[PDB]
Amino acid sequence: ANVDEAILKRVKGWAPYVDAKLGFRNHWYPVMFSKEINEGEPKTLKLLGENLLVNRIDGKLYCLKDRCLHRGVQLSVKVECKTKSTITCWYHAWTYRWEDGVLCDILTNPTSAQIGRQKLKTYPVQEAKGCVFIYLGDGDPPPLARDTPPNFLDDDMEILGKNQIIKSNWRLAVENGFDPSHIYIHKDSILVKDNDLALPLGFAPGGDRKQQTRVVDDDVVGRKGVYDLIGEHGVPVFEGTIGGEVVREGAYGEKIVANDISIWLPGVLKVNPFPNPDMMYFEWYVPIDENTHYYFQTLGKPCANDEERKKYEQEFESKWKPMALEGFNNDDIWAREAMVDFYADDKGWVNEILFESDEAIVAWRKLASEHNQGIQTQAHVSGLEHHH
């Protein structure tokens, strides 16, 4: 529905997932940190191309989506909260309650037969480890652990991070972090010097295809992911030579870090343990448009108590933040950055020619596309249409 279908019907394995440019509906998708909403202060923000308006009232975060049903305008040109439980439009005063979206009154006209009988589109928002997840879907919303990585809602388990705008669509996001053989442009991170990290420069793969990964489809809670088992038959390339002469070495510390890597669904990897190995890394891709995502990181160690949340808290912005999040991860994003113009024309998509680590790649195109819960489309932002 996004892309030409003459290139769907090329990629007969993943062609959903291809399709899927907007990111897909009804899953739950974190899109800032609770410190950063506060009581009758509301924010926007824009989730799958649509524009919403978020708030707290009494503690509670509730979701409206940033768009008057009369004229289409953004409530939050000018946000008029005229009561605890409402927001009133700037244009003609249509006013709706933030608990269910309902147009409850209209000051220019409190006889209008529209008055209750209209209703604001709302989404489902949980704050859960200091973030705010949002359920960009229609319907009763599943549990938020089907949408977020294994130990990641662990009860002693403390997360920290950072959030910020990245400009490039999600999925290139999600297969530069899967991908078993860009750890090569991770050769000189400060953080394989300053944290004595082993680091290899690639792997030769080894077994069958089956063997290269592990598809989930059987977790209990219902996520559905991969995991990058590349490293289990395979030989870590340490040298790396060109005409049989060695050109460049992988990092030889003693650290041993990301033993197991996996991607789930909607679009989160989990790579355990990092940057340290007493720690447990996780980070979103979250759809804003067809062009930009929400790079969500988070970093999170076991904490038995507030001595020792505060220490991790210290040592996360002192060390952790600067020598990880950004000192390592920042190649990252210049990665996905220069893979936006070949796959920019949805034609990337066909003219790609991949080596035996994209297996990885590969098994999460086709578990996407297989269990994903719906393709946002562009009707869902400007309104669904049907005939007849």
Given for the second form:
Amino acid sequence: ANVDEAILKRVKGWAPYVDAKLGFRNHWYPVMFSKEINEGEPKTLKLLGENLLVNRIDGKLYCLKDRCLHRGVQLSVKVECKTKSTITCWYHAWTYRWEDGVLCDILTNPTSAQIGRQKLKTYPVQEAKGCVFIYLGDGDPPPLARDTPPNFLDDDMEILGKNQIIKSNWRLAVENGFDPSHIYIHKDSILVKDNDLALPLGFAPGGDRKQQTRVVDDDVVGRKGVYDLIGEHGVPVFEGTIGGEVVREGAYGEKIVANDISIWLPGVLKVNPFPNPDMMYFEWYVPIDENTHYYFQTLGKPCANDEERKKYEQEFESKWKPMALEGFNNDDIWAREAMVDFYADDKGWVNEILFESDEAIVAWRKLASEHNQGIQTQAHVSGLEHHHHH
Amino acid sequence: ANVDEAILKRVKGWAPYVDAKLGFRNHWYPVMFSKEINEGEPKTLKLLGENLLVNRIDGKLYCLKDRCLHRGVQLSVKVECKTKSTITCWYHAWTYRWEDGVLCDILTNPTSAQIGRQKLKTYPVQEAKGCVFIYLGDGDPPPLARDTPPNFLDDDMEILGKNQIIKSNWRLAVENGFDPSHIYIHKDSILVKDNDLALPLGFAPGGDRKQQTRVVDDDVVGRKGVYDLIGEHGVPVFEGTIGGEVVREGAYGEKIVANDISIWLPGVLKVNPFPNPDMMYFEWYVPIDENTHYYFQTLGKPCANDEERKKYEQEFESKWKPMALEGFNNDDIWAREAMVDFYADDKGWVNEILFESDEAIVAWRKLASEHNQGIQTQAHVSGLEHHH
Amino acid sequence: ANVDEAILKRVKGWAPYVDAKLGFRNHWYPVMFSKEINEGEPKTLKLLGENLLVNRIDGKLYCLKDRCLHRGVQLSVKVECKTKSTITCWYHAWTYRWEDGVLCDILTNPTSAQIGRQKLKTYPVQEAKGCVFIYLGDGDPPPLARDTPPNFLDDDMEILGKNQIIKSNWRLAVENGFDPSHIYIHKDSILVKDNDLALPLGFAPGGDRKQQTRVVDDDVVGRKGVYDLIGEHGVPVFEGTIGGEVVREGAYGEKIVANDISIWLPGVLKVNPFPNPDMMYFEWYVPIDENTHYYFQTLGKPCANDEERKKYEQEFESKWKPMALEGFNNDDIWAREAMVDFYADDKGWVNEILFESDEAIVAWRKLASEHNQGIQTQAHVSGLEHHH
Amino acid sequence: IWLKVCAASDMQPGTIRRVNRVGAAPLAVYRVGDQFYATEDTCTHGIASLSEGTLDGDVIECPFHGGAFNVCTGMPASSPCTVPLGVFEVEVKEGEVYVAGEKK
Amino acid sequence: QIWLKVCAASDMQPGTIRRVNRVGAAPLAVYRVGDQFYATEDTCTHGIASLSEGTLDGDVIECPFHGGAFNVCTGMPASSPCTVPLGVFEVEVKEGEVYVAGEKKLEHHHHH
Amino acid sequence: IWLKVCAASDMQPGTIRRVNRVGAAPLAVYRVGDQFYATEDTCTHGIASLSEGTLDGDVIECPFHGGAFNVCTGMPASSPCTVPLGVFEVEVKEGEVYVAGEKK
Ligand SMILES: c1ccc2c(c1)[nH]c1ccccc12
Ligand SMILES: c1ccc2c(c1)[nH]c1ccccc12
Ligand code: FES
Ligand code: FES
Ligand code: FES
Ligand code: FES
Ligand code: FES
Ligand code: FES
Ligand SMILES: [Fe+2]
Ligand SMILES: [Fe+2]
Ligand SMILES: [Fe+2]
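Switching conditions: you have the form deposited without 9H-carbazole, so give me the form deposited with 9H-carbazole bound.
Every chain and every other molecule in the complex is listed next, the one we just looked at coming first.
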């Protein structure tokens, strides 16, 4: 579909996942924070290869595809919102309603037969925890909870974080995050020392294949994910050796973090607890196009009143964000970028030589392949193509 | 063929046009102004994907392909004109005559059997109205008049203009120019205000489809073009409404310009009168490669003597050039560029959703498909291929 | 299979050569000078499209492919040499031995079954004359002498040089160097005047084809190459004429250089004597990828002791390097780049129009096609493929 | 209520006939074998005249971009078309084709 | 424990594969090619896949992960990306009972 | 005027023979079945010897770039060749091959 058939035929265990270069269609995805989109100020962004426009009208968010139906120009080149509820293309003035995308007027020809008969693509938009989620799919959307990690939506959970664009396919980010052994790249992180954390270098697996993880496909909310249970039967490595001689040691701090790690469709990781014993971490790797993704980082900490929320925010701004989101996760950024060349030609999916701890990643590839709600294709981007019965 | 065959099959109304990504071969195209090339000073440029060299010898212009026959290097990397009538490749000294492109000498091997047996490609070049035209085609060229809009070559017509390279396929430029409804992007132009022009926001078509345009299949000189007649029975729109409420108005100036607008092959628009009642406007969208074109703008005005021409040149430089050529058409430049992505993968030619005023564009696409003198292909650029 | 089969079918006389866009596998190639790689100081480089890492341990050079077997990242992103004899990938700590590439340890999982059962690709490395040669091939390497021109390895031959990355495919560099007529581009070089060289503009061949060169396939050390003998029966050209009139003359200096020129697989030219009657010149055009190569320039001069070696070095730095390696060969650089467009689409290998002096180049194309030790492919780069 | 199109015999199976209505949009009458059908003449994806297209069985292909519709149901059969075509009632009485003034 | 009891020769259909787990050791894979029985390590040498979950095409087993393959008789790679040979374990049928060796075959004391 | 080249039997069917001429460009004589033809030996596209190329019927294929010529008309049959080959009429009398010394 999006990949050479010869390669897909080889990856029998997770072809759909390898084919999903542009991401999975029909899932909710966070793209920005609520405070970034103001009333009557349309904002552009690209999601799953599609150029979109988001506007806030009377406090509510609406999403329209940023491409006029007429000659395919982006409306955002020159935004003309002539009435509260509509946007007028700057080229020939085709006008659309934000709420349903219907072509309601055409200033260059108010008698056109196209008026009332065409509809610009719209996408559901929902705000939660100060985050803007867009359902990049068709038909009525499922509840947001289906595409979020457990507890992210808890009433008491105060969510704070950051978002930025990273140069790598979304899947490389996902597998970097859910990777049990990549913890090695974090051995010198300031968070480890400055927050006195206990962090091994790796893990020596124990038990059988199935015991290595917990596949979730019976979640009442419809959630689909995988829990990494490598430390349940595997002795953590705190002394790295070569030829028997110790060359590196893990961190021997007091704080126990990352008791459980889980990856959830459409591509969101949950680390609990982290970066502190009393916090929860959630990060999304949102597909922008085949080479880029939004690295949406969120940190959650229970709060009962405004006082706690502010203390948390102050704490976030002064310690967490700079020491964790950045001081810790920045190494993940160049790490996923380092895998680009190997997988760029899709050959990495065949030549990779995996080892024991990748058992978790394999489980994810299979779950993603079996439970995704659709494979986004370039045709979805340019315009679906078909000849019905043929 | 320069486009996916599955796409060409779908656009039965104008497949040749959609396939003409590199432009139409065997037509004349303006590429620079006469004053830009001086005696013995070769100039480079790319036309229809081909690198060319133009030189002025004894006042006359000559055009040679800027690619040595030997190892394919551009002669222009290091120009070596060692005699008034030749140019010597800087690499192995193969020498060509500007006159007919014949390989007349090889400094590195005067006894070579290749001498006099090879010929570098040459193209006809003609100067008119201070403009340099190149016939990018094969065989004897037709009159330049065939590829120019009516009156451009009129004896008393004084032509002045501007040229630059724009980043968009030439066709997007052509269609925007002839687009009856694109007038909407000019609503805030300084020209409209500063020259008190009447300018509607658009047109509510009137009459049948056939009456929306006037196709000219043959002129006394074989011209091929289409006139936009949307204003014949159409109703000019001066009040833009949304849900019945007025949100925008046209310009109620007193000067009526653009009486008639016509597009002609190989791709030049004529707007008359413009930007003032006493002037005539013509603009070419010349294919450089698949992603760019020359936006050759020319403004014409009848002048009986040197005093009028002098006065005209002063007005051009001080008013018309900055207020019209720039103040008006600059919006056309970014508008063209805005259509690049949609058509870049050739899918826009299938997915576009047209409305009534686009009858003009459709008429142009089929006239262009039916009367162009040839489709330039990448093979013309690298070297025509054919195996028995 | 690096080139369209239709093109390869057309060049029956030298298809393997035209297909070798990435170079010839299983040959020795110089990539840097010994003084450029220090003890325990890993250096990265790309050869024949493959990313490599070179390191010096206890004075000896080792070469490992710069790509972890695990997730295919370059180890060089963040080098981690924990023990003197190993390198640890910065990602999941897979650790390899420089000596044999064996995956000997995994810090993140010491119980892994992969330990000791996987091997990272290693390549033989040899230092000679202060130059680092890598055998980009498989299995036991042949004697270095096989892939070096005659006398390069002579006991007393002192070698000094310079190396850099040039943006052109390696073959364009090879053909420009072994090109008898390209000498024309050096007519104004400072070396010609400043070193009183005798240098014609070109050559009028004499005798038959066979006599234009000497194909060497009988050398005892196994080296394969071609000598350019155009000067044996060919009348050197000193007076360049157009229409019979002298427009340029060669250089009438007293110093005689370049009596013999030869090109040898895998792609190294030898000019003797040059740039002085008592010196020998050799230059390699090493494939980095399809679009670039290392231009490895070396100048040899017999030296009996340290006093002479030191004297020669001082002359090299103050005269030979700036006057010859640069003052002369800099023109060969842009010349090579000038042919990129014509051959970039692989069409130039079909459309080129050759003349008599190119007979030497054709002989080289046939020798290379017939005696090369293997065609490097993109599969060698990503990982060889094969279905049962 | 009805308009006289033509004699059922004037149309060969697999052919299309455009019907220009005074003061109104044009319609298209298709003969699929021995059954007649009618829809708006204008393609819903643009401004093309379907009567200038190609009829394959009961599917009309637009000449502009290759979009297609089922002439019986008026439903889109091939991309880029997505908007249903207005279908008009057709009646044959005494060897003559008749098309309803308004769509069904 | 030199010979590991696997199953009855009749419990395996021609062209099938059976996984044999061992206490304190890596699993083996027993293949029945027609009437003959062969065995190798069960874990693909290219990664962590189980070859017993793959597809057997004659005397060639195809790994389910990346499509690599091996010859079950020689243990030599048959298809990329596999490059490391599989350990081969001798199999014998005594009383119609399938037995697999507890130690792999070696390039020791055999044909030159 | 006429150059006696060789005995017809000196050439097997489908072969080419190079005819050198002191102080003149070499010629190529082709035996197509039992018919004989002649052209200039040098490909008009470069320095290749057509007598070292491949003959397919009455079309000679150049060994260098795959260009080709019809040995009867001398006209290019395949790119990149564009300059027509010089043709020389040949005559066979008493089993002897003669080629016109003048390009006709
Ligand atoms: C082990 C321990 C911590 C982490 C992990 C694996 N993966 C992670 C991804 C993001 C943030 C923290 C972690
Ligand atoms: C004549 C004189 C010098 C040279 C030559 C021919 N061919 C060369 C190639 C490389 C460097 C120098 C030369
Ligand atoms: S492109 Fe938007 S109205 Fe024409
Ligand atoms: S490339 Fe111009 S003479 Fe050789
Ligand atoms: S990519 Fe090198 S150890 Fe994982
Ligand atoms: S106008 Fe009919 S398919 Fe576009
Ligand atoms: S794990 Fe078997 S082919 Fe890769
Ligand atoms: S030399 Fe004959 S086809 Fe080029
Ligand atoms: Fe990480
Ligand atoms: Fe305009
Ligand atoms: Fe040179």
